[PDB]
Each structure stands twice: as structure tokens, then as C-alpha cells.
Amino acid sequence: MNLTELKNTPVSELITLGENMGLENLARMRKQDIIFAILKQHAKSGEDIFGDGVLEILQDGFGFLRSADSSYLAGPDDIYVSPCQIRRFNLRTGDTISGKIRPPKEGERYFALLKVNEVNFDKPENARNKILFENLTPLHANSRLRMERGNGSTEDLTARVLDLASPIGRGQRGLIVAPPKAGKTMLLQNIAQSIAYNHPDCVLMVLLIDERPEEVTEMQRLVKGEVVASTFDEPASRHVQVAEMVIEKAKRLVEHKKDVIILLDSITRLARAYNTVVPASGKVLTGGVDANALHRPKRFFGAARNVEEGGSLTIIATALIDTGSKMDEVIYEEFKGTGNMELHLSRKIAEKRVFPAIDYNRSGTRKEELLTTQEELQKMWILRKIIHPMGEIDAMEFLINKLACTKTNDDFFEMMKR
Amino acid sequence: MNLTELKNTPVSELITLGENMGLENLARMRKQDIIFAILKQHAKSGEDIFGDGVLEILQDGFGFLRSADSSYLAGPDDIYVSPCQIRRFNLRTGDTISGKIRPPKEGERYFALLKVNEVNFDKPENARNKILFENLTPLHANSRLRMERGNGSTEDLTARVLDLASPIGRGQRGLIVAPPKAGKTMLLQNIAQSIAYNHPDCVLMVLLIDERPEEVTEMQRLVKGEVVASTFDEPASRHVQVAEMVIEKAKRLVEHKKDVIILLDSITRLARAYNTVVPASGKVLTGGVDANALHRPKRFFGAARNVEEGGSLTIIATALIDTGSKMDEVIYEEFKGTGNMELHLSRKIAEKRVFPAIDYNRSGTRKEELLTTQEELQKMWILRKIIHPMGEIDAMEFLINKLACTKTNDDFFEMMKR
Amino acid sequence: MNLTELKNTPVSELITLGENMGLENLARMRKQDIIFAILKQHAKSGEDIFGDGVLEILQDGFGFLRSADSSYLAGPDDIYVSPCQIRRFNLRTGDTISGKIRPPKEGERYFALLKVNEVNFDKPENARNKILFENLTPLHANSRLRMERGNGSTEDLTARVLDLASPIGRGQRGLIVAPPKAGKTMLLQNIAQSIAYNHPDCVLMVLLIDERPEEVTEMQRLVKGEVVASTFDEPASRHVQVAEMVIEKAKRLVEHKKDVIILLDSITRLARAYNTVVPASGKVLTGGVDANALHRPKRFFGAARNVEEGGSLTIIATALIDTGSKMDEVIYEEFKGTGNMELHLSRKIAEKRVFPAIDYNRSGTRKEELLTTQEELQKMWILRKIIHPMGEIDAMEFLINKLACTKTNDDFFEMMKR
Ligand SMILES: O=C1C=CC(=O)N1CCN1C(=O)C=CC1=O
Ligand SMILES: O=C1C=CC(=O)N1CCN1C(=O)C=CC1=O
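Residue numbers (PDB author numbering), protein chains in the order written: chain A, 1 to 418; chain G, 1 to 418; chain H, 1 to 418.
Worth flagging that the hints you see were computed from the coordinates, not collected in a lab. Every residue gets a Cβ at the ideal spot worked out from N, C-alpha and C, and that includes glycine. A portion of the hints provided could be inaccurate.
[To be verified] Far from chain H by the CB rule (all over 10 Å, computed), these chain G residues:
hint, residue
1, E5
2, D201
3, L285
4, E333
5, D410
[To be verified] Listed next, the in silico EDC-like pairs over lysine to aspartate or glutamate satisfying Cα-Cα at most 20 Å (straight line):
hint, chain 1, residue 1, chain 2, residue 2
6, H, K100, H, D122
7, G, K336, H, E329
8, G, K31, A, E106
9, G, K336, H, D322
10, G, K105, A, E214
11, G, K298, H, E211
12, G, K31, A, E13
13, G, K367, H, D122
14, G, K336, H, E226
15, G, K298, H, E215
16, A, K31, G, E218
17, G, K181, A, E13
[Claimed, not checked] Facing chain A, a subset of chain G residues (Cβ under 10 Å, in silico):
hint, residue
18, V11
19, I15
20, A27
21, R28
22, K31
23, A74
24, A112
25, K115
26, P213
27, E214
Throw the hints in and build the complete structure from the sequences for me.
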């Protein structure tokens, strides 16, 4: 009944559904042809077909409804949008548009939408009355994003220690420093699982730029939520196009008072793609960086905020450091003072194969009093006076064994004193 | 048993085959996933498997057996060929090979061929004892190819005109010049049906480059022989890649003493693709083209010949004129006298809606005496003298009724005399 | 035993001769490498091997003895000559060098000449006693080349027309003007047969520039002399490389008092090739022809002369007109008042299937009184006074039938006066 529903429908049932109408030789045809044939079998008979997609506007008022499972890639299955649809209902990039799909006209290879039934998971008359995200008033992160799973496993301790190292709240524009071979991938999956566990209501999203497909498949199954990525073989134009429209989806949910969490890996690659896409300004930076190239990621990264009116937008990007590229240091420096949170994976402890390997002394955050309680920050203040005077390699080994024995971090906070 | 069987098989059989050895979740995943699963199912069990493909030689000696069905696009199913494999068994680009497939190693995403069974329908030892294509002795086309279908259909009437305008022999380097918007695509479709019916032994290959997918899909459904095509959506790097792959595969068939016919659409746009990929040389001719840019497309067009020792290589290409761009016009001027067969097309006939649409008086073939007989040529020559003073529009209108009122071209000549 | 014998040995026999030593898998290689491979078999045997070539001194100081059968292509069989070797015997480009060849040493990718047995069909010491070409005094041609076959055959009639239209003498810098499809190649084939038939003593060379591969092999099976060519698939620099090797080899034979005849097809193609190769001079004429580009082909065309010291140099270069390109028209405008004789072909006579299609009114030669006798020239003027009032086709038609009535032109002269 729904075009997107037929996409996930198993091919075994697709032939049976098509053959019930009276189709033929569906087994030999491709799955897309079977889906298109069912669209053809209802276009002639006048039967309405449902569907939905994410708006992807263009320069002439026309747009397409890209699919999340398609990584927002252009294709025949995308629902074409017309400039008239903007006149009927105010249209913005990243909008979730749902409605009955009309048959295409002559010369159109994409099925058009006769009318819109739902906008951003809500009625068009009510979704058009939402205040813009840019006109909102940002506020400091106050609602702490609890991450402690409490399972007692080794990976459970990882979520516990990140709360102790640098607390993360809703709308906190975080940032992490990743030296090569620091196990950054494992912690992100562990963090995402706790995100879906602790806060199933939030729209947890994962964005991967210039990443190998093996981790892309791993992210989709491990993360209990929508996962989008751009292949490492894709050109830089795809990387900037994917990332720009991802935040458009995130912003509309913020306009609908929905908490959004975006995991980015890596902002260094995203900045590198943006540098190669924009035209040269004539003034270059050290390491071969365009002057106005840094402006684009700032808008993307700077949007992460805890909106005072309602909802939040959290972006946790990954900074590539000590990777041997001169472009990596300049990107990190340009974003050094941008994020409200900093985490530094310890490569020295990584060579010791101790996971997680976090530089507790170097890592930290600002305005953590809002996230912490009256006594929560006091306990970690004592821990600050303990780990900092000594080395972090031995301290990380010390807390890992003690955190396993302790059930809760509050209970864990008591055992060092006694 | 064979990899190509898995690639071309209705999905219902793979579901049954997968469940035979206990493979599950077959309906949920895509068609290529179960193919990977079933192939890996035999990899663990040690069951013998087979495969085939068209060899693509890279700059390092490694290569992948590209698939003709996928327009020689990149894919996981391409069999990896090591640089030592081609040294153990002397192979070249475009060679059709088959054998047993070994499972990929860890860290390798492509299957490999441990042993080679057949090379272009021949043993690898016997195939390596074959004369190279370039060292052969080219000659004029002497074996006449019967273009007329003889069934009397409407498309047969179009076919009869070509025998009266420009006879085609084996290995003849033909050439078609045609302004757009004249139904050129369907005119070449009549050629494919005639050649396949009249000469099923000849390897009929059709290349479509830089065309809409609607015409690409129409070619496969209407041509019995192999068709390799790529749309203009792909970059020019694929255009040369899809053109170089086809001709090299065709060349090896000549070494196997087999006639091969290539139909190209279009050479004019093909040269532009070569004009873009070629690196800058510092000297640019008028119209934005480079002299070195036109060298390589000449080599592709110059490969057509009637080899005396055995086999042939017939190339028929269509040139685009009246496009309002100096890039296209300079190609026809450069490729003017290169082809033995020259068929002209005019929009004036196209406006008159006369099918076929060819400038009869100006079109002809050189060294046609080897193809036609003495009586046929004498009848042919008197036809040209009578048709010469008449205009292009009137010649076609006078000719169509004369051939329609008859059955065969030989019988058509009887009524012209009588 | 003999390198040049292996070069002319057919490739089918080359594989069989390679099995005499015991070497296998020579089929999947070029024709040049097969001779190179089998030479190494005899290199270890120590048997002296004979061979020859055409010297091409490189800019560094060494050179190679390119093979005429290889069309002066840079192949593995090119014998290397030390720069000191051209100091013992003063040699320049185009010298014919024959002698024994030593096996290559370690790291020597090319063979080497151990002894200079003969230079230009003479002793090496006698080679240094010949005056340079430019120091020779040019002179008007006076030794008539009797082009008439004398057998009264059908093809002899074409030679009868040419001798009646514009006599050719030793050193006559001819120029043939021909529109497309005017039966140009038929005339050149007819000329070449007559020259080798009537005058076997004079050295005959045929140069084909930008010619289809079908025609090159057709010519090599008819002309009883050296034939070199460069197909259009070869680069532009290859078009001028063979042309330089032809004139330089021709000049050396003039120094030894040998009449060398060069039939060129065509001067337009050679001029276009030279335009591409040479750098732009900043002064571009109409049609894209560089002003400084035409200095090189003129020198090639300007070498034809009747040297007073003995010998000559005859060049009959075909010119292309009405090709639809302004570049070809500019070239002809710079060679109009250059040739010693002209021969205009007419497409109109060709369309009437009258051969040879020679414009008798326009074609002619200058200072023809030196070639013919005072009475034969008087007879020729009678035909001039007859043809000139007539047309160009009817007079040509009148020429064909009257010439076919008799066997020799002097007999045709008798019947015209009666
Ligand atoms: O697109 C605009 C913007 C103003 C306007 O009148 N239109 C045309 C409306 N329109 C479509 O676009 C398709 C069918 C149809 O009636
Ligand atoms: O090869 C070069 C280049 C400059 C030079 O002096 N030489 C050596 C000359 N030389 C040979 O090579 C063999 C015998 C002989 O006298």
C-alpha cells in the first residue's frame, strides 16, 4: 500500500502480491521493476499508493524525496517535488513529507505526489506553524544525558567512565580528539547503544563521512536507530551533499521540540571534503586550506545547541590528530575553541592495549555544573585532584579494575576515599 | 555450480538453494547478498564452483573479470586476477576466460580464480598459440553481407534500401552521418534484427554511449545479440572505459577467426569523451579539440578490417552534425574519408517523414565490386545514373513505392528495367 | 643467418622457424619481437647474421637502422650504431648500411653493427667521396619518362592519357590535384606499374600519408618497389617521421647518380601533420594553418630536381581539394605555383564513370620542349588546339574513344591528321 513499505518487503512476497493483481514474469525482473510494476498496476486502475521521503530541494523550486536507506542518493525511486508544492505548503530541506503518490506525467521518470498528508510527522497546517530553528534562543546544556548502562561488563565500564571523564548533556556541542589506532569505533557503538537504551525518545542518528563499507554495515546493525553514511569511494561532492542535508533533517525535529543526537566521524574528513568543493578564495592557509572553506563546517558544527524553548541538538564529531597529514592539525586548531566538550584518546595507553584509553587530565568540559548535581561535581573534583598529579597510564588501569567491582559510579566514587 | 548461473537466476531458486544447506534470512537480504551467501556456502563446504568474465588489465598487472551484463562496471562479483596469474597464463585485455573460483582471503573483498579452464571457448595452451590481431594482413571487404531480411515486413523494406544504397561486407569500416531528431535510434534497430536473422553466426555487438536509459532499455529488449551500453550520467572516464573494453574483447574474437560486428552510437560523442579524459598537451586546435585527443578514437575506429587469414571486424558508427557546437562538427571533418562506407542523413527527409532517412545520391561505398556481382553492379550503376538528377526527397519517395511493389531487390530490379 | 630475410619471412613461417631451435609461445607477440626472439637463439650459436637498414641519426649522436618492411617504425629490431662509427665513415640520415650484426652485450636492449660491409650499394670509403645534395646544381628535367605501357591494354590507356596531357621527366616536381572520389588511387597504382615496367633501373618509392590500412596492403601487393606508409591510427609525429626518412634516403641515392621517384599521397595530409607537430609561431594564417608550419613540407616538396652531375629526383605529390575544410584549401594555395607540372582531376568526369578523369584543358607541364622532340611537341599542340575549344567532359570522352582505337599515341597522332 505504501511505496516505502514495498521497498523493505521481501522479494518472495513481492511476486505473490504482484501476481495477485495479474502481473507476469516477476521472478525474472529486478526487485525495482517489481516495485515499479506494482506502481504501474495501480496508476492505470487509479488506486492510490502511499509513500514518504525526506525533502531535497534544488535551485529551481523542484525537489526529490530521498530515502534514508538510500543514503540520500539520487535515483528513480525518489518522489519528485514541484515548485507549486512550496506555494501550497511551505517547504524546507530535510522535511519529512508523506502523502498519496500520484502517477507521473509524460516524460517524468519519477512518481509525483498529488498532495501532502503529513509534514515532519505532523499535519501540514500544524507543521507550518513551527518556529524556525535559527530564530530560537540557545541555552547551556542542562539535562544530563545519562550513559551508565550498569551491566557490569567491560564495555559497560566504558559508558560509565565517559560520564566520569566528561559529562554529556542534551544539546552539548561535543568534540573528541582521535589519534590513529585508539579504538574510537568501539566506544561509539557502545555510546549509541546506551543512547537508545537510556533515551529511546531521542532521534539518535549516526553520520559517517569517508568510511570503509565494513564499518558502515557494522554501524547499521549495532546502532538501534537510523544510520547514514557516505562511502570512501564516493567523491567529495557526495560527502558535502550528504552531510548538509543530514542536519536539515535534524533541524526540523528541533523545530518540533524533538531531541536529536548526531554522531559524526569524522569532521576532519568533512572539512577536507568541504575544502575541495568550494571555489578557491585566492588566500590559502598553512597546510593548503582555503580561507572561506572553514566557514561552511562552522555553520554545520555550530548549530549544535540546547534550545531554551524546547528540544536539543547534540553533535559529537571526531577530530583526526597525528595522522601524518598537515591538513589535520589546522582543522583541529580552527575548531579548538568551538566545542563545549573535549575528549582526548590516549595513544600511549592504546599501545598498552587498554580500552578505553582516555586522557582524563586532558579531557574535560565547560559548564558541567548544569549537568552535574550538587554532590556529583564534588566527587569528581576529588578525582581531579587524584588523577592529575600522577600519570594517566597507571590511573586508567587503576580505575578499570575498580569500576568493574563497583556497581554504580556513585558507589564507585566512595571507594577511593575509604 | 557456475557463478554466471547465480547472477542470472530468478530469486525463488536461490531461496530454495540456500535452504538446501541451511542458509537462512534469504528473503530479507538483497539478491546480491544471497549470491554472496550461496557462493560462500560452497566455499566452506569445498564444493566445486565455476565462473567467467571479461578481463580488464590495470596499470599494475592486477585485474578484475568485468561483467558484460553490468556494462563492465565495478562490482564485488568481479574475479580478482593476480599479476602472477597473467604471467603464469599469458592473457590480454578483453580476453574471455573461465575456470574455477577460489574463495577470497581475509582482507580481500573479491573472489579469485585459482585455475583457468577455457579461454574464449578454447584451451589456454591452444589459445596462447594464436596469431596477434595487429600482425594480421588487412584487406578490402569481399564477402557480401545480406542486409535485406526478405520477409517483406515494414522494417524489411527499410533494410532493402541499404542494399541499394551502400552494401556492407565483412570487416568493412562503415560510417553514418546524421543530424539529431531524425529517428536514428530505431533505424539502427532494423540493422540488428537483419544481421541476427541473416547471419546468426556473426557476433553482433552493439555499443550505446551517452544515451538516455529509455533508449538503453529498448535496445536490450529488441536485440537478440549482446548489447553493452552506458548512460551519459557516468563520467567520461567510464565512456572510454566502456569503449576500450568492447573493442579489445572484439579484437580477441578476430584472433579466434570469428567475425564480429560493432554498432556504435555515437562516434561523435565518443570523441568528445576522449577529448575530455586526455591530459593537456599545450597545443590546442580550433573548436576546443586537441590533435592528440583525436588520435586514440581514430585507433578504435581504425581497428575495423577484413583480415585475410581469418575472421573480420566490422564497425558501423553514427556521426552527429547540425548540433550547433564546433566540438561535434570538427569530428566529422576529421573523420571524413576514414570510413569505407558513408551513409548521409538529412533533416529535410526527416521533416518529410520518409523512412529510411538517407541522402541516397551522395551515399555509397568504395571498392564495392568485391561484394556485388557483375550483373548486380551493372543494374546498380544504371540506377545511380537515373537517380542522380532527381532530388533527395523525390528519390526516396520514388524508391519506396518501387521496392514496396516488389518482393526482393533482385525482383525489384526486374520491374525497374521492365 | 640473415636478419632481413627473417623480416620479410611471413609470420606463419616465423613461428615454424622458431620451433627449429625449440622456442615456444611466440604467437602472443608482435612480429618485430618474434624476429628479435629468434635472433637471440642464433646470438648464442655465434653464427654471423646479415642485415641492413636505413640509418636515422638521433639528436644525441647515435642512430638506428630502421627497416623498410617495418615502415620505419621504432621496433626492437632496430640495430644500434655507435656515434664513433659515423666518424670513421662519414654517414648521415638515410644512408643504406648493410653488414654483420653482433649479439647485444649485457644491458643492451638493441643489437649492434660489428662491421660496415657496404654503404649505399658501394664501398664505405667510396661513400665519403660523394658530394652533398644541396651542393648539386639543379636543372630542368630533360630525360622523358615513357609512361606508356605499349601493350595496348585497357590500363595502358590511362598511361596514354597522362603522357598526352603532361609528360613527366626525371626530376619533374609534379603535383596532382584531385577532388574526393576522383579515382586518385587508381591513377597512382597505374603510374607505379608503368614506371617499374618501362624503367626498371630507376629507384621507385611510394609514400602514403594518412592512408587507411586496407589501402596500404593493397598497394604493397601491386607496386614493384619500396612502399612505406603510416595509417591514421599512428600519431601525427609518426606521419612526419616516415616522411623525413623517405626524402633523406632519396637524397642519398641522388648523390650516387640514381634516379629516385617518390609517389606521395598526399601532400595535404603531410602538411596537416606538420602543422600539428611544429610549435605555433604566433602568426596564425586563415584556416588554422601556422605560417611557419609550411616551411618544412615545402623543403620536402622542393627537393625534386634534375641534378646536372647525374641522377635526378622525381616527386609526384597528390593534392587534395574540395575536402570541405578551409585548412586543406590554404595548403593548396601555397603549392599552386610551386610544382614543375600539374595534373588536375575533375570530379565531374568521375561521376560520368569516365576514367582517367583528367582535366585536359587545365593540366599540363612547363618547359615540355626539353622532354619531347620538336615534332612530337608539334603534334601535341594540335591536340591542344582541338581540346581547348571543346569542354572538359566531352573532350575527355572524345579522348577516350579515339585513344582506344589505336595502340600507341604516335599511331593515334597519324589518324588525327587524316
Ligand atoms: O509551479 C507553480 C507555481 C505557481 C503556479 O501556478 N505553478 C503551476 C502549478 N502546477 C504545477 O506546478 C503542476 C501542475 C500545476 O497546476
Ligand atoms: O661509445 C663511445 C662513445 C664515445 C666513445 O668514444 N665511444 C667509444 C668508441 N668505441 C666503441 O664504442 C667501440 C670501439 C670504439 O672505439
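Results of checking the hints against the structure:
| no. | hint | in the structure |
| --- | --- | --- |
| 1 | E5 | 31 Å, holds |
| 2 | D201 | 23 Å, holds |
| 3 | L285 | 7 Å, violated |
| 4 | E333 | 5 Å, violated |
| 5 | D410 | 23 Å, holds |
| 6 | H:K100 to H:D122 | 16 Å, holds |
| 7 | G:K336 to H:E329 | 15 Å, holds |
| 8 | G:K31 to A:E106 | 31 Å, violated |
| 9 | G:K336 to H:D322 | 12 Å, holds |
| 10 | G:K105 to A:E214 | 15 Å, holds |
| 11 | G:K298 to H:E211 | 12 Å, holds |
| 12 | G:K31 to A:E13 | 14 Å, holds |
| 13 | G:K367 to H:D122 | 43 Å, violated |
| 14 | G:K336 to H:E226 | 28 Å, violated |
| 15 | G:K298 to H:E215 | 16 Å, holds |
| 16 | A:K31 to G:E218 | 19 Å, holds |
| 17 | G:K181 to A:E13 | 43 Å, violated |
| 18 | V11 | 5 Å, holds |
| 19 | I15 | 6 Å, holds |
| 20 | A27 | 4 Å, holds |
| 21 | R28 | 6 Å, holds |
| 22 | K31 | 7 Å, holds |
| 23 | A74 | 9 Å, holds |
| 24 | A112 | 19 Å, violated |
| 25 | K115 | 29 Å, violated |
| 26 | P213 | 8 Å, holds |
| 27 | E214 | 8 Å, holds |
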